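Next up: just one chain, as structure tokens, the form deposited in one PDB entry.
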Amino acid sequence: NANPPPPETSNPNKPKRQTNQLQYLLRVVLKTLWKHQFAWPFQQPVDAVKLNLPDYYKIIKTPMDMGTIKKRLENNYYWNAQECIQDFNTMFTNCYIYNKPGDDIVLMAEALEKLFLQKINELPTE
């Protein structure tokens, strides 16, 4: 069972805009979560071949990771801030869906989600 390709991260046909909200998502939210001690498993797609998890992509049909989110922001892939926020939410919930409650990786994602919510609290107005 091969890994799927990573989510798309750049599309020259998508329109581009700079907004206060998207700038904040890259410069504050993503940068803060990226440097966190628990960020490392989330910095690239789950490599289920390397990890011998043949049911990962049978269970998780909407993968997402922070490496993808970073690339999407840098490539002006998102038009609405909510698209980015949804991707963060998908990342965290994928981790809760697949892994056992109480596992280290779950507590890691929970800490990262709490930080994310503290950072999103101060998102600029639309």
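Residue numbers count along the first chain shown, from 1. Definition used throughout: the rigid core is the maximal C-alpha set that superposes within 1.5 Å between two forms. What changes on going to the form deposited in another entry:
With a cut-off of 2 Å and the rigid core superposed, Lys14 has a Cα displacement that reaches or exceeds the cut-off between these two forms.
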The other form holds:
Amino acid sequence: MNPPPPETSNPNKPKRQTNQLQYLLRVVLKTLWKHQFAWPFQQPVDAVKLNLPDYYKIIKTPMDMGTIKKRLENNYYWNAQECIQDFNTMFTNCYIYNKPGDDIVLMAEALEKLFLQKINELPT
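In place of the form deposited in one PDB entry, output the structure of the form deposited in another entry.
If you are looking for partners or other molecules, they are not here, because only the chain is given.
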């Protein structure tokens, strides 16, 4: 059983466009997306496809870069911090579900360092 994927729209949630959020889509997301290690994170985990019947027994706030991309494209977020929190949830979910040294964790570790490099300095 898969749960429904995270929402990418919510009509009662207030939306905002900011310079930092535009940068998070144009630069941060689109750069990370092309990395050799981005592919496991470009869509919600499909627990039936991937044979991870315990994934959503362990991971209660799932997140992935396909969801983040759609949220940015839909102006779903109020500010850049909210979007950064989604990236952080995505990385930490990977560390939680797996264990140190796993190939997928090495991938997340590399992407997290690139992500931090890109958000170290943001537009005003």
